[PDB]
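J.: What follows is the residue order along each chain.
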Amino acid sequence: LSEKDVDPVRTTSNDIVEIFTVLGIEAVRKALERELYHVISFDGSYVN
Amino acid sequence: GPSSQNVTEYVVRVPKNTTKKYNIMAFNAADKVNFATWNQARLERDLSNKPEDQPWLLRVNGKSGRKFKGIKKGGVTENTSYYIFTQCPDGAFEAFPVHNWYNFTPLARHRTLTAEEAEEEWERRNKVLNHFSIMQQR
Amino acid sequence: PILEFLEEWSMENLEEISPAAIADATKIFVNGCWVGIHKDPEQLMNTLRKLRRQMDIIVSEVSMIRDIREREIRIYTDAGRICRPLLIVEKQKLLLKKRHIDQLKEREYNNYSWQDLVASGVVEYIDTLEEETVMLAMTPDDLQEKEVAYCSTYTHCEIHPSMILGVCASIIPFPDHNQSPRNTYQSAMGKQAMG
Amino acid sequence: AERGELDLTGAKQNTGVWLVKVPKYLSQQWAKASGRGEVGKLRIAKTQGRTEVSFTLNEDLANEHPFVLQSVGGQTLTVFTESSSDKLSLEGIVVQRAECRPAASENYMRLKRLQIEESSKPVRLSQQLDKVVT
Amino acid sequence: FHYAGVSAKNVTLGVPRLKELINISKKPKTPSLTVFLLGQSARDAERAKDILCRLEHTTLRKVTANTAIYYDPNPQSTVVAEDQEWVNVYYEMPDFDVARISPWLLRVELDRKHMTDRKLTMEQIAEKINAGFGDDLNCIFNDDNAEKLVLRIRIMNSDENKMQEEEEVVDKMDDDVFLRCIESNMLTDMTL
Amino acid sequence: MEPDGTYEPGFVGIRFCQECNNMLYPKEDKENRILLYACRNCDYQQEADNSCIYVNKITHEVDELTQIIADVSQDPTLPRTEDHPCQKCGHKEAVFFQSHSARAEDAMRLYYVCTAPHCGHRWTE
Amino acid sequence: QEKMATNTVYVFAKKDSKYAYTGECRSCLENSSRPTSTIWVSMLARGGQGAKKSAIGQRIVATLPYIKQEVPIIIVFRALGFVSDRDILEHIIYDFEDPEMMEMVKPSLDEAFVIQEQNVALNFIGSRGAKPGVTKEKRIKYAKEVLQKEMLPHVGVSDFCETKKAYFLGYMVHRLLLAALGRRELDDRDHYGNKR
Amino acid sequence: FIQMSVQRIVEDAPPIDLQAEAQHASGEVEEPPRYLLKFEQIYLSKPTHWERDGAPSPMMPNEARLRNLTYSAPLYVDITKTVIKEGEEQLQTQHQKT
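Residue numbers (full-length UniProt numbering), protein chains in the order written: chain A, 1347 to 1394; chain B, 5 to 54, 93 to 180; chain C, 540 to 734; chain D, 2 to 64, 80 to 150; chain E, 1107 to 1298; chain F, 1 to 125; chain G, 197 to 392; chain H, 50 to 147.
Chain A on its own, in the form it takes in the complex:
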């Protein structure tokens, strides 16, 4: 994130422990929901 020309808005991770240290507990709530959403969509089945 700190490097020049790297977008500090959209840059994201599949890791969760690191997301917590850098971005703080609300960002984990979003990213963790996204990562779970991502495994479920792959497998093709939908979950509400």
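Possibly wrong hints are sitting among the right ones.
Straight-line Cα separation of at most 25 Å, SDA-like style, residue types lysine to any residue; simulated pairs [as the list claims (entries may be wrong)]:
#1 B:36 <-> B:159
#2 B:111 <-> D:5
#3 G:334 <-> B:159
#4 H:95 <-> D:105
#5 D:13 <-> D:105
#6 D:137 <-> H:58
#7 B:36 <-> B:157
#8 D:13 <-> B:157
#9 E:1254 <-> E:1277
#10 G:337 <-> B:36
#11 C:630 <-> C:561
#12 D:25 <-> C:552
#13 H:130 <-> H:85
#14 B:54 <-> B:157
#15 C:566 <-> G:336
#16 B:115 <-> G:336
#17 E:1155 <-> E:1245
Stretches of chain E that chain F covers, calculated by requiring three or more beta carbons in the stretch to come under 8 Å of a beta carbon on chain F [what the hints assert, rightly or not]:
#18 1169-1175
#19 1276-1287
Bear in mind the hints are in silico, worked out from the structure with no lab data behind them. The beta carbon of each residue, even a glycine, is placed where N, CA and C say it ideally should be.
Position chains B, C, D, E, F, G and H relative to chain A; hints supplied.
T.: Structure of chains B, C, D, E, F, G and H alone, referenced to chain A:
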């Protein structure tokens, strides 16, 4: 000359018994043995195991010349045999059985390594930090 | 006896040599034990094969393998290797001939048998370590076809391909028109079919 | 002069001898010939650029053994003797190695197989025991 | 496995990812970041190459073609006759302490294609290694236009204090051997 | 000079001791610009020839026509080729194969071994 | 019952542990004394004392039976009686013209230097294995008894094949080193050629 | 297993010897009685059963299943006991079948 169509034939003798038993004394080529320097040699049974069940100890030119240890052939000729073929003045060969085959290897001279006083301890600390100075402090 | 034969033939004992003067030689192993070295592995290997097929070395109990890229030859005489019978093909043809087949049919009153057939040296038992080295042909058909095919080097031949099947997979008909897990499921149910 | 001293005369004379590996049946025939003072004859024939060594058996002891020479540049051998008179001596240096090979090929094997029978055959029990009561 | 683009041995898929995620793993099997680019770097391949190069954790070991250690006390008589021109090149490079530099020499050979891909310069490396180990590690290097890329390394000391005051607080470590430790660490540590 | 000059300065591990036959290590003579190799357990020392004592990562060992022993040609399970002319003898029958190593790392290049007694000659393509 | 085969050396990767590579050899002709099986010959990885030489992935060691701690293989060779490195390397390298292998073996020889004599090398093995006691000489006798009987019993149990056993260790080092240069491919864990 | 392994195991390496602690507190004139035992040839009957009477009979593997016996056979071995006391006599060896 005749040397290019030379044929030679000798009789072979194998005496049932001999007063002296017959042995092999073998050296590695790598050991670069030189028998011309062997002004004197001693041959005694080893003393580590402290008679017919022990390795040999060979001391040449005594403590100044080279010293070797002799170990008995561990394998046994059960499907083969080893023989010595010798020429005799009558014009025949004599063949003698190998009673034993001994493997001779160099012991070292004043190489000197205590390896007991604190070398095991120094090893715990050993970082290949030194090598010459410890051998000298003796 | 294998150790005896090698020792009289040409194999030098480990203590007779200085390795740095003869290390180039092929190594010999007997049941995972390093017995010695040899300077002509192809002849000796050919000779051992010739003896085993001649019955001078116990065929079913002796496997013999040469690994040429490491210049060593290991031989095993231990119990517990799985081995199967295979035809010996030589000069790119079968060594078994129609004369033997008529001899086998003759057994309704003849004492000629499978053991006689092995002694003819037209079949050998080949374990999985040795099966790594052979050039096995699927059928005599392919072995004939070779005049156009890519390989013309076969050494052994399959006595029949359905033999790769165990007892229960053998009760089931046309198993190759089955999708493969179906064959496993039947072999189980086959033990549960009462009779 | 001492009991622990080795005689080096042979070494100093540069005495050379040959070392030959031989099959058991030949050593066994020599063990059956005992010490009569002959077991056969050894013949050596050399050409312009090739040398051929062999041994031929006594007709009586039978009632061609080719020799293959082995390099001695790999190990240095001499021989010493341990006399009954407790006087050790170095007899000479080994200047040649060789191996005695059989001329018969397959027939030989039968003898060997017979030899195998001689080495291998104590009763591995097996004969059951039919039955006993006492 | 689901074949896609260049990537793939990426992001564990399915139940093994559910277990990895739900356990709050400190050591994920395949951790990654999806980095987005801006300005010209978001549309130009070569600009993206430049930022990527800064990001890519390259270590000197990754970069080095070859290493050698040579016994050469005085450069002005180099054991490697072809090196002789750098001595012409580097006689004015602290000319006093050529009387002080150790007779043990380290030589490194660099690949020109691999060095190009990182778009790195020889002066940045000399300066990086010099700064990391300190002024003790005396480094000099070659002309960038040579067909062979080479780095020439000796080891220097602190001059004044080293006159065998007591016995030299080093315990007489061999200097070649110390030079290997420099080579071990120099490669494994240096994060150019 | 030229960059064509091969890179084999003499790696060299053994030329060990001449007396006790143990390994030699470099050590300095600051007085004569000479390298010496000494046994650590004895007083024996001798000057070195090359100033080189260690190299690492030729990275490109090409091990393409070395270690691959010629007896490989007898292997029946390797593909014989009608592709002719060994580059030494006027006979076809080259046996060929990929890599045969773990250090090859990604090679698809074929290696050819003539199999008749007149060569034993090997060559890449 | 299916098991992994006996008295045969396999070189396999074990990247999850501290060992870069391992040579395993389970020893026993099943039809002899039927005791046990052990020997592991291991290439170390992942480490550095600091300014030793840093390079740990050449520091070859050997696990022996009954011994409580890993010992460098060269020490075992010196305990078998060989004292000169060229002779250990002759037992090891065969071809003699592989300088690369010679430097690969070189740090192990550098570690050997403190125990260059057989008796102390045996006492070193003794302390690494036996219970602590002032019986140094007896400890050497115990150490001698392990290396003669308990190490590679399928090679022999007597004085008379003690030399032969040293050749087989060199083969285990050789086979291990061959996999580590990558000149030889690794032995698969599940190849029936390796089972009984 | 029967034809080789069992015979091999009892022939192999368990010869045993035993010697009482004679000449305790005193003694002298002689040499502490000692005894040596070694096992040789091995024998294995056809499978046999023994009725409560003690009468042995040929068992049939079906009979073994209905009555719940155990289809097995009795094993016998050649044993020797061998004296070479410390002086007065070296022979007095006896053959048994057990």
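J.: So, for every hint listed, does it hold in this structure?
T.: Okay, the hints, checked on the actual structure:
1. Taken as a hint, the residue 36 (chain B) and residue 159 (chain B) pair is broken in the structure, with Cα atoms around 35 Å apart against an allowance of 25 Å.
2. Of the pairs offered as hints, the one joining residue 111 (chain B) and residue 5 (chain D) holds, with about 15 Å between alpha carbons and a cut-off of 25 Å not exceeded.
3. Of the supplied pair hints, the one linking residue 334 (chain G) and residue 159 (chain B) holds, its CA atoms being roughly 18 Å apart against a limit of 25 Å.
4. Distance restraint check for residue 95 (chain H) and residue 105 (chain D): the Cα-Cα separation of roughly 65 Å exceeds the 25 Å cut-off, and the hinted pair is therefore not satisfied.
5. Taking the CA atoms of residue 13 (chain D) and residue 105 (chain D), the gap is about 12 Å. The hint holds against a cut of 25 Å.
6. Between residue 137 (chain D) and residue 58 (chain H) the CA atoms are separated by roughly 17 Å; this keeps the pair inside 25 Å, and the hint holds.
7. A distance of roughly 29 Å separates the Cα atoms of residue 36 (chain B) and residue 157 (chain B); the hinted pair therefore is violated under the 25 Å criterion.
8. Between residue 13 (chain D) and residue 157 (chain B), the direct Cα distance comes to roughly 41 Å. Violation of the 25 Å bound is thereby established for this hinted pair.
9. At roughly 38 Å between alpha-carbon atoms, residue 1254 (chain E) and residue 1277 (chain E) are farther apart than 25 Å, so this suggested pair is violated.
10. A C-alpha spacing of about 33 Å is found between residue 337 (chain G) and residue 36 (chain B), which places the hinted pair above 25 Å, so the restraint is violated.
11. At most 25 Å may separate the alpha-carbon atoms for a hinted pair to count; residue 630 (chain C) and residue 561 (chain C) exceed this at roughly 34 Å.
12. For the hint pairing residue 25 (chain D) with residue 552 (chain C), the CA-to-CA distance comes to about 16 Å; that is within 25 Å, so the pair holds.
13. Our distance criterion of 25 Å between C-alpha atoms is met by residue 130 (chain H) and residue 85 (chain H), whose separation comes to about 6 Å.
14. For the proposed pair residue 54 (chain B) and residue 157 (chain B), the alpha carbon gap of about 21 Å is at most 25 Å, so the pair holds.
15. Taking the CA atoms of residue 566 (chain C) and residue 336 (chain G), the gap is about 34 Å. The hint is violated against a cut of 25 Å.
16. With a CA separation close to 24 Å, the supplied pair residue 115 (chain B) and residue 336 (chain G) stays within the 25 Å bound.
17. Proposed proximity of residue 1155 (chain E) and residue 1245 (chain E) is contradicted: the alpha carbons are some 29 Å apart, above 25 Å.
18. Counting residues of the stretch 1169-1175 of chain E whose CB lies closer than 8 Å to any CB of chain F gives 6, so the stated coverage by that chain holds, three being the minimum.
19. Here the stretch 1276-1287 of chain E counts 4 residues with a CB under 8 Å from a CB of chain F, which clears the bar of 3, and the coverage holds.
Violated hints, listed in ascending order, are 1, 4, 7, 8, 9, 10, 11, 15, 17; each of the other numbered hints is respected by the structure.
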